[PDB]
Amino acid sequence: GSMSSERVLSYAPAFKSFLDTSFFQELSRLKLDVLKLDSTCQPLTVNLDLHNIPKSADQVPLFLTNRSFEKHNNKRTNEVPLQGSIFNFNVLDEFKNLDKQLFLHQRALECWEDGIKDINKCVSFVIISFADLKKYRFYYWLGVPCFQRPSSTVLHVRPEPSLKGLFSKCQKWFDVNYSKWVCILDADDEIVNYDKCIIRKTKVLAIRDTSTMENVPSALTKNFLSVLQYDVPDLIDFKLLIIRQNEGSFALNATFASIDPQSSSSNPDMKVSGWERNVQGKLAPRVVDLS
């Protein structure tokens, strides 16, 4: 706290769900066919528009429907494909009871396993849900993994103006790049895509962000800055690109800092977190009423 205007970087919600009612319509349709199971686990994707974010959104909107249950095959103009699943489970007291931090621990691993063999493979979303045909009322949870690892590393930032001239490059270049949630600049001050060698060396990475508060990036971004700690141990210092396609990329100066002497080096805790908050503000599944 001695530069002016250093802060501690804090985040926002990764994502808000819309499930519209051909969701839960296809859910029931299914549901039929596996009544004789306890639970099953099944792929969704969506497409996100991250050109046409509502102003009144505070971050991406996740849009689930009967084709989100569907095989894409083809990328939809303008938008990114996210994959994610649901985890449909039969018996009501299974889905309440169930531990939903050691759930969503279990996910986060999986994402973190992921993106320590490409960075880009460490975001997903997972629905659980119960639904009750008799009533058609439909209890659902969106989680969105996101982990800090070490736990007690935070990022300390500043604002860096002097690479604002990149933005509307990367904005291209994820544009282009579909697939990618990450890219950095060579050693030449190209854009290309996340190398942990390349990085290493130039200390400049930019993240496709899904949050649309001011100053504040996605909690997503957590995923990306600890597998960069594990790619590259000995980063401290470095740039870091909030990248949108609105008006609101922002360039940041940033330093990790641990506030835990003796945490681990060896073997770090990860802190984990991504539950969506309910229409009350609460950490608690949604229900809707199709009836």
Contents of the next structure:
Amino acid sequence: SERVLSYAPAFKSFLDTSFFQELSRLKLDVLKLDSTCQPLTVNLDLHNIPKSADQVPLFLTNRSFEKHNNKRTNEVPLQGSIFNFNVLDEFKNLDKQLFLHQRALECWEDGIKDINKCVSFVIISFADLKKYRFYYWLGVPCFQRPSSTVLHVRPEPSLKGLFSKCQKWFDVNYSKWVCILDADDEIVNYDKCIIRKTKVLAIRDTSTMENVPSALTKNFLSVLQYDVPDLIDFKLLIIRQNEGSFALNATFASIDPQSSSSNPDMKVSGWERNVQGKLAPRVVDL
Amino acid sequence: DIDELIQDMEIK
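Next up, the form solved in complex with its partner chain. The previous block was the form solved without its partner chain.
Following is the full complex, with the preceding chain placed first.
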């Protein structure tokens, strides 16, 4: 009955025509450069996920490039960036693992200051304005640090009562990805001194796959383990805005750990799969 | 050569 936790892809991309139109404007602005990197923002809607989708879509438009106050109620802002190559060869030859790894390290550095900031996304692109074809690849850095850490889990029915409280807490606290129980069983913001004692953590989940949490869970668990290095057993609530929230009795375990007091490494995944289900770029024609 | 490019960029 005790399983090694596995995960689902955190997001699926949809880049609207207007995104590529706006990218085109951007590229024409920096035609003489090898590349540019620009910030993006998307507002995630976790209440209106298609019944047939497996996770939250990332719906990108021209407005994603801008600092709009266009957020609707309960939407979760997510920050990322687009790295656009002006030469297709550079796009092709970019070492994708090293690149996503570096994005993960930034999430990590943000995460240890604030667990709620250890999530982001990146788009790498090449815009062929001659053929009006756009190549892009979404990456969502999901990391396990140290790379040796895994989680043993088994179902925990008893915590079903907390789900609606978390659902509402998350709706209101739109900038938060994590909450925990305090000593009075009330939901509060993550605080390492408190969870160390109460050992109940809830995560805002972006997947809809039955009983399989989003790979972003690894980011949060990594920060948790850094903050509370001797935490072993705890309860993990996976909170969704549909009926599919679930709870796990969790235990940190390790495979092939590094010697204590070495610089812990990290394992990183999160490149989006394409139309054929391969780890490869997507292509769009305008 | 779209199909060729995508194949060359596939990772593991």
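Basically, rigid core = biggest C-alpha set you can superpose within 1.5 Å across the two forms. Numbering follows the first chain given and starts at 1.
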### Message
Superposing the core, which one of 201, 72, 172, 100 shows a C-alpha shift reaching 2 Å or more between the two forms?
### Response
72
